[PDB]
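Trainee: Keeping the supplied structure of chain A fixed, place chain A' with the ligands upon it in accordance with the hints.
2 protein chains.
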Amino acid sequence: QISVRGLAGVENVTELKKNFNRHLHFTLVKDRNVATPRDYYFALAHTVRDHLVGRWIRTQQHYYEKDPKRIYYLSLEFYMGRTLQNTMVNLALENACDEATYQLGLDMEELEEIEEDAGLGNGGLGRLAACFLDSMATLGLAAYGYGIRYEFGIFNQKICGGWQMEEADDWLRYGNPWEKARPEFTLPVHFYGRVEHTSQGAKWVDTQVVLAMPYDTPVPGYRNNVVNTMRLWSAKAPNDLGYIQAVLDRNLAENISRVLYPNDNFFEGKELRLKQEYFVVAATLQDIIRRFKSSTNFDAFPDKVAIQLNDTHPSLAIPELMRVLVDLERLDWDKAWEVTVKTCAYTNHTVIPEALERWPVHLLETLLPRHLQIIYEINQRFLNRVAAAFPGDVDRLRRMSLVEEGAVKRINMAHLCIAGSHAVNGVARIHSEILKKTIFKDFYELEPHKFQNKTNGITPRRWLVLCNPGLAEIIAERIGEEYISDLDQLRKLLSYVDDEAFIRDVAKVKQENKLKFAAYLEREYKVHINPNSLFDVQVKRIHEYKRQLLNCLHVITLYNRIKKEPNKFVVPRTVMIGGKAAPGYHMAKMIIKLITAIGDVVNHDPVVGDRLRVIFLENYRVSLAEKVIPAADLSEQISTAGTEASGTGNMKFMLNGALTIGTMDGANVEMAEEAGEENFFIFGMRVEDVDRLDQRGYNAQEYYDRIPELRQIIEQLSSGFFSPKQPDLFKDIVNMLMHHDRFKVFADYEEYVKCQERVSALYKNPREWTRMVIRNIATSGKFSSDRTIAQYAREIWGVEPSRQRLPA
Amino acid sequence: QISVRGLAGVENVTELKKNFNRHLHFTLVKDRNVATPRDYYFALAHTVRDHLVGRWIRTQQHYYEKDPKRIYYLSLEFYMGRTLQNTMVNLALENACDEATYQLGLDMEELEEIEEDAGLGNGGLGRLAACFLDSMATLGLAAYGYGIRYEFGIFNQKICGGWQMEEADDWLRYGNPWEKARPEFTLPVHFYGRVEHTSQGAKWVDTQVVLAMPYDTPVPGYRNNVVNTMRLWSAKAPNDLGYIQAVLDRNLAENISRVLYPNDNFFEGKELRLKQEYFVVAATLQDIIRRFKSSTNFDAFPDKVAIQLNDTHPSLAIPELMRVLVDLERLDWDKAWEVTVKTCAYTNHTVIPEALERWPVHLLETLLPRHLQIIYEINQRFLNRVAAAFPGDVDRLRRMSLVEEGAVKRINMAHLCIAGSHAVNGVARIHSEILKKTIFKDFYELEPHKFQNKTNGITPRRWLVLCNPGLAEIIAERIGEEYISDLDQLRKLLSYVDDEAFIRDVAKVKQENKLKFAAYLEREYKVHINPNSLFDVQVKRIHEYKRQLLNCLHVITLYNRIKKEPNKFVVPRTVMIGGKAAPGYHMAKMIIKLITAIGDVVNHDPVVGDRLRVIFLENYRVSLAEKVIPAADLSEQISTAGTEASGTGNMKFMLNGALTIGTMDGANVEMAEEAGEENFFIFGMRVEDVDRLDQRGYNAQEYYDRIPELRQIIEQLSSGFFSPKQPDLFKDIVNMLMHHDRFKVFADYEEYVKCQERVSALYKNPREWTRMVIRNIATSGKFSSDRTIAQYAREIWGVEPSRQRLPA
Ligand SMILES: OC[C@H]1O[C@@H]2O[C@H]3[C@H](O)[C@@H](O)[C@@H](O[C@H]4[C@H](O)[C@@H](O)[C@@H](O[C@H]5[C@H](O)[C@@H](O)[C@@H](O[C@H]6[C@H](O)[C@@H](O)[C@@H](O[C@H]7[C@H](O)[C@@H](O)[C@@H](O[C@H]8[C@H](O)[C@@H](O)[C@@H](O[C@H]9[C@H](O)[C@@H](O)[C@@H](O[C@H]1[C@H](O)[C@H]2O)O[C@@H]9CO)O[C@@H]8CO)O[C@@H]7CO)O[C@@H]6CO)O[C@@H]5CO)O[C@@H]4CO)O[C@@H]3CO
Ligand SMILES: OC[C@H]1O[C@@H]2O[C@H]3[C@H](O)[C@@H](O)[C@@H](O[C@H]4[C@H](O)[C@@H](O)[C@@H](O[C@H]5[C@H](O)[C@@H](O)[C@@H](O[C@H]6[C@H](O)[C@@H](O)[C@@H](O[C@H]7[C@H](O)[C@@H](O)[C@@H](O[C@H]8[C@H](O)[C@@H](O)[C@@H](O[C@H]9[C@H](O)[C@@H](O)[C@@H](O[C@H]1[C@H](O)[C@H]2O)O[C@@H]9CO)O[C@@H]8CO)O[C@@H]7CO)O[C@@H]6CO)O[C@@H]5CO)O[C@@H]4CO)O[C@@H]3CO
Ligand SMILES: *Cc1c(COP(=O)(O)O)cnc(C)c1O
Ligand SMILES: *Cc1c(COP(=O)(O)O)cnc(C)c1O
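Respectively, the protein sequence lines represent chains A and A'. A prime marks a further copy of an entry chain.
Sequence positions in the first sequence follow the entry's author numbering and run 12 to 251, 254, 261 to 314, 324 to 836.
Sequence positions in the second sequence follow the entry's author numbering and run 12 to 251, 254, 261 to 314, 324 to 836.
In isolation and in its complexed conformation, chain A is listed as follows:
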């Protein structure tokens, strides 16, 4: 059908159809007369999977022969989403399969919707891991993704009475055709026990043992025949056992890989979570070393191994690597430490205090006794270095210690990471500067060379070609298909900004996406949106710093203004807000309720008509993002300046033809810088403005007294205007806004509303709106994860990326 979607081919198509039938018959054991749609999905999934195996085996074969430096990406999260379509795209089988399935009388799109999302992530951090795997494979790097195979990923969100209800994400129920169990690589992981000191050194003994079984999932590069591996560990109990109970208690050990903690940028010092962090770390390292010894001095270890820590979650890799080298390989501490620092690198993802991992000493003391001793030793030698560089600065020592004193002694994992890594990077220029000027100022002054920046990016394969084939096509029609793996080329579209034909096509693709999505809402959610209105969407995890509330205030303002002048003209808008709230985050759940409550009032007001609709996008996840983003006109990125490290959703919207309204926060700064501030809708306080507001003191009351429209909104919330049967339902919201708002929602209200008016004014001029859109798309090249990965490779891992196709 469309060019960028691959060639069909007589032989190719008849080859797929026959294999589809082989699998339906032999693999699923069924015939066309009893086959269920799920059966069809599986037949196709196995057929496509077969085209990966040859390349997967030869790629892993290639690395064994050439023996290149290996990149190990450790993360407790891999927000993969669906993989059927992504695999077809990277293999160029999309049109062929579409045709073959067509001839077999089946709609492929219907079959793809049957696939369960691999929701092994919470949000930004886990999606970055997923995009990185794709880019690493597309750039020919010998990379391995390592994490945990959770039986249950992020929970499925259902709204009842306007409230969020959590449901277990049993994604493995019908089976996963993409994974391959490798029982022969099972390894033991130790917990508890005690440390024994002998003549030969320390000995960790009397430990409880848990087995780690790996499941490999293929990761195809884009049209280069490279297939890397993502290895996920699963917890199994040893077989070595009144009798019934002993057998049933095996579930205790296997609960380690049972469920993903649903926290987004928030620390929970639970034991189960620590066990998970050590489990993935211990099993991965043994696999790493094993693979290494098959190439005994570890002096060459750093030249053959690079270990990237995605946040502090896998920070135990540092003391674990030391333990093995010192306790097992018998290297001397200093040599061991040199090796450790040279192979490990750390990526920081946030600056908010509640997200920092600080594990109680008593917990590490019981669970990982030897690791605690190693951490103390690391701390000792590290503070000796600080003391020597900054003589007499006793305060600096307390601040830099990996150990935090107080009622409860804790270990600061972020400090552990900085000390044990040769590189520490932020995820956006502004975030990286803040790390050097605030949070890690002391460390930066001690070792300025370790700190770097690596602005995040997204993969143009899944986030453009896959989710917006219509836009990918009209772009390919003018500049070719090379940009798909070299997004910078998108700049060439800059000379089509005045092209009438292009303007019409870009505007038409968007319109089509909106129509398709507008229908989607009625089908599986029976709604009533007007596809001619402006699609105003804010989708991301629900959090106070994200300020979904500021968005809510604007929506209530629009409503009040309409009611004030019913017969005045206003640009119609469909406001969509979606995202999951972590269970137990009360405020976050109150916000979802408030949003649905507003929709309940606004959506049923005869006077408003279809000029304003408020929709809460239920169960937001990767597969839903692939749908709503291509259909958006306005991207809401309004976090208080200095709180959103980088953000990646913002890049998704820019690449897909939506305009951005946001603060100078995270990557927003670099995006506006690339497109030109005039092509961005920037508003609100900048970082410094937040700073001198705190020094002076934030008094929300001041804004309430000076802004009539704001005052009215607050009075409506308090009086029960949005909760008739429960007048004080939102007393907590108002209370927080008026007396304890850490994120200064009122401070940016006026500027936000005004900027929103300029957005509406521009939407009234279709041609100019679209021309600004073209300028955003044309400059979104920098935000491709290919660029990001190429920088990590050259500036951190010390390996050269290659686009050379591997033999077919």
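These are calculated hints, taken from the structure and not from any lab test.
No residue lacks a Cβ here, since even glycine has one placed at the ideal position from N, Cα and C.
Check before you lean on any hint, since a few could be wrong.
[Unchecked claim] As a list, the in silico EDC-like pairs of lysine to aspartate or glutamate whose alpha-carbon atoms are at most 16 Å apart:
no.	chain 1	residue 1	chain 2	residue 2
1	A	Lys-465	A	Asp-719
2	A'	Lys-247	A	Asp-181
3	A'	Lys-294	A'	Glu-273
4	A'	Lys-469	A'	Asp-421
5	A'	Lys-544	A'	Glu-120
6	A	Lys-191	A'	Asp-42
7	A	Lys-247	A'	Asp-181
8	A'	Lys-247	A	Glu-178
9	A'	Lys-191	A	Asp-42
10	A	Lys-554	A	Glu-528
11	A	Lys-80	A	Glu-828
12	A'	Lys-465	A'	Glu-716
13	A'	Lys-28	A'	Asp-50
14	A	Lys-77	A	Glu-828
15	A	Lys-247	A	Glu-195
16	A'	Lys-169	A	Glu-178
17	A	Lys-464	A	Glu-475
18	A	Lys-169	A'	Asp-251
19	A	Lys-592	A	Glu-737
20	A	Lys-544	A	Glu-654
21	A'	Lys-28	A'	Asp-42
22	A'	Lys-753	A'	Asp-628
23	A	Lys-191	A'	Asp-50
24	A'	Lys-596	A'	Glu-785
25	A'	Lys-191	A	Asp-50
26	A	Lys-247	A'	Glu-178
27	A'	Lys-592	A'	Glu-737
28	A	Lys-465	A	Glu-475
29	A'	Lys-810	A'	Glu-716
30	A	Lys-169	A	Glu-552
[Claimed, not checked] Examples of chain A residues lying across from chain A' (beta carbon under 10 Å, computed):
no.	residue
31	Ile-170
32	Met-224
33	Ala-248
34	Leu-254
35	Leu-267
36	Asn-274
37	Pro-281
38	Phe-285
Mentor: Positioned in the frame of chain A, the structure of chain A' with the ligands alone reads:
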């Protein structure tokens, strides 16, 4: 290589080899240079599996079209063993695969040993289910085996210090290629709740829900292209959910199908066990009814459905069927009951009191409230019938009640079964007569027509062709291969009893089996048996009624006699005793220890040389039985008369060329009757003898005082002769033997020892021993499960078996 093993074939072999490679490449994702032996086993397993699918789909297709009466075999146990070789045999692919694997440079036997046993059974009862499935498929019956898919089957037994150590049987760890998950047939099962009475009748409400997911395993008939199904249910928690714990608590619901209770002929009133019994029953019935409505009056239900209860374990099918018909389909009680009785049949497996299921009323009251009411109602109407037939016999009423009074009110499930079934059968003639004369005398007098006998049998496919191809061949060489599916033809061998060539061949096959097994013991168990000695083996679950102890007394006698006259000649013997002891059955575990203790003394006595060896066969199971049985010369079947309902191991030994020494118990009676008492080594008390011994009173001391040799043995056990470091280790054994032996071990000692001497005398005459052997094999035809199943079909289910081959 051998005739009965199928034809190779040019096309056939090159077709297997290529498919073997397809699977190794595409299914296991590997190449010959990294493939592990397990990988090879799986490639072959998937290849063979592919040859089943066509027939499996057409067989199930056939039944749908013809719509024959369906047989549902309910059992909580299916002792399947390995299925790779069995499948090849029934498909006649054994030689072809052997050749194809040979050409690929692989030893098939080595690959078969990699397969895990499906140990979803304890012993006799579960193996009978397995043999029945094979026969039902071989006789073209539209039969379905229904049970539970236990994550952990019978535990693996390991001996340490002479003691039994239990290990979890994690048989699904590497995966099961034979099963097929059918998520679309998932059904809900209810527990707890309460009964609500309305205008429309009773309503079971506020129940906890557990889902039942089926996994189908193919069951191939012998060379007839029929492939039946064994559907095993797995417990899953519903998805409808502080947050972490709720997710982790899902394991509570899923623990229902986690492990098989390891009890052999012993009742454990545990809640988990009851839940298992209802779980398999409720899910199976819904499946049965669903399939029925697709052929609404249930008057025809009994003509289209037969439900066989393997013991009382699935007895809840009776009140469950009533519940559905009355509470859901709204039929009137009497009609419902007529239907129930006509579709259900019950098979009794034992008469020992400790095996009878008596569930506490309070348990059924909490877990299955409505079922308790239905049982009470059934009991009421049933006793009204007894009262009418036996006016004034108040005692008879108490005895027959399904409800047993006392400190704790219980429900007698066996009484429930008799009342709700149109047929009740014993498993051996003598066992069935005992049911009518004792245990169920009252029921028999009330309804003599319900009671029947169906002597057990074993499948000649697995128990001859598969485990003893050498014997199968030399027999086929003279009478053809028709006997494999018509064992009666084995009688034709009766006219070869004087044939010199046959005598030499039969004796040679045995010798070969003994050599192969004698080596096996050294390889994986590093032992030292003499293959020229008589193989004396007793393999079965360890139990006091089985009297492994009587065997022990004989072994100690032989030893003491040798030590008395060291230079006297005695026929050398290798005594093998194997079997698992249920955990918590103290006495059973003491017996295993005693056996190993004897071996420790006997096996290291220089004076004994290799004239006497005592070996304890570790981890006895189906796959081990297939090895030791073909190699045995003497089969020990010495249970106290009247305790072993039937036995099936006895039939296995007879079919494989071993002579039998045993009591007139269970099927032993019918076997000796078929071969002729002169060709059997019968000894000990008969049922009546046990009876007048009890009436008089059993005084073990009397035997101890009158038998010098017996006295010496007891003194040795007490003095610590077999436990030097622990003098009173066996004080409990002696105590039980002397004061509380329910099984009268001493009563049969003298006769047992003497009979054992006649066995030795016969072994000294090779030619005559072998001629007697031929007479046993030649008459073992009656014990084929094909005969057994044909009788169930005609006399109980009302369906005609057929040997007609189904189109290929
Ligand atoms: O594995 C090492 C030890 O681990 C564990 O210790 C951890 C603590 O439990 C944890 O609380 C935290 O320590 C913090 C501490 O609690 C806070 O009080 C604070 O401490 C600062 C203090 O307030 C400042 O005064 C200053 O200390 C200076 C000190 O006053 C000054 O005298 C000098 O110190 C020199 C010593 O005087 C001199 O004897 C010599 O010390 C040798 C030592 O003899 C030798 O054995 C070896 O150290 C051994 C040690 O002896 C063992 O006891 C064992 O220690 C472990 C603890 O038991 C654990 O509880 O093993 C050690 C091996 O490393 O080597 C020493 C020299 O390296 O030289 C000293 C010169 O440095 O100068 C210091 C300047 O630092 O600073 C203190 C730190 O800011 O803050 C602490 C950090 O948060 O973390 C501990 C692990 O780091
Ligand atoms: O669902 C039915 C009931 O279920 C539950 O009851 C069970 C008991 O809990 C459990 O213990 C066991 O019962 C045993 C009992 O505990 C023992 O004591 C013993 O009882 C025997 C007794 O010792 C003997 O004397 C003899 O009883 C005779 C009786 O003495 C004599 O009078 C005559 O009985 C006639 C009645 O007199 C007459 O009124 C009439 O009864 C009607 C009844 O009116 C009508 O409602 C209906 O029965 C209802 C009943 O009324 C409800 O209470 C309800 O009963 C349930 C219990 O509540 C549960 O606890 O529902 C019933 C619906 O079936 O129909 C009755 C007639 O069928 O006619 C009677 C003529 O039969 O004769 C009897 C002769 O039997 O024998 C007793 C039994 O041997 O042994 C009991 C069995 O172990 O089991 C109970 C369920 O079976
Ligand atoms: C891209 C993405 C995110 C990250 O969004 P931000 O707005 O940067 O927080 C979160 N969830 C999903 C499903 C995503 O696709
Ligand atoms: C045949 C068999 C049994 C039954 O043996 P009996 O001696 O009748 O109790 C038990 N276990 C296995 C493994 C069997 O093969």
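Trainee: Checking one constraint from the list: CA of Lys-810/A' to CA of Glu-716/A', max 16 Å. Satisfied?
Mentor: Answer violated: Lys-810/A' to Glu-716/A' is near 26 Å, above 16 Å.
Trainee: Answer holds if the nearest beta-carbon of chain A' is closer than 10 Å to that of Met-224/A; otherwise answer violated.
Mentor: holds (8 Å)
Trainee: Does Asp-181/A' lie within 16 Å of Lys-247/A when you go C-alpha to C-alpha?
Mentor: Given that 16 Å is the threshold and the Cα spacing comes to 10 Å, the pair holds.
Trainee: Just to be careful, I want the Cα atoms of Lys-247/A' and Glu-178/A compared with a cutoff of 16 Å; is the pair within it?
Mentor: holds (15 Å)
Trainee: Hint check: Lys-464/A vs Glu-475/A, CA-CA at most 16 Å. Holds or violated?
Mentor: holds (11 Å)
Trainee: Just to be careful, I want the Cα atoms of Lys-191/A' and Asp-50/A compared with a cutoff of 16 Å; is the pair within it?
Mentor: holds (13 Å)
Trainee: Would the pair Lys-169/A and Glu-552/A pass a check requiring their Cα atoms to be no farther apart than 16 Å?
Mentor: holds (13 Å)
Trainee: Please check whether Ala-248/A passes as an interface residue: C-beta within 10 Å of a C-beta belonging to chain A'.
Mentor: Since chain A' brings a Cβ to about 8 Å from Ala-248/A, closer than 10 Å, the hint holds.
Trainee: Does the CB of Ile-170/A sit less than 10 Å away from some CB of chain A'?
Mentor: Since the shortest Cβ distance to chain A' is 14 Å, the answer is violated.
Trainee: Within 16 Å, alpha carbon to alpha carbon, are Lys-169/A and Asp-251/A'?
Mentor: Cα-Cα ~11 Å, so holds.
Trainee: For the pair we were handed, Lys-465/A and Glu-475/A, check the Cα-Cα distance against 16 Å.
Mentor: holds (13 Å)
Trainee: With the threshold set at 16 Å, check whether the alpha-carbon distance from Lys-247/A' to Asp-181/A stays at or below it.
Mentor: Between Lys-247/A' and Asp-181/A the Cα gap is close to 10 Å, so the pair holds against 16 Å.
Going down the numbered hints, you'll see the structure goes against 10, 16, 29, 31, 38, while the others check out.
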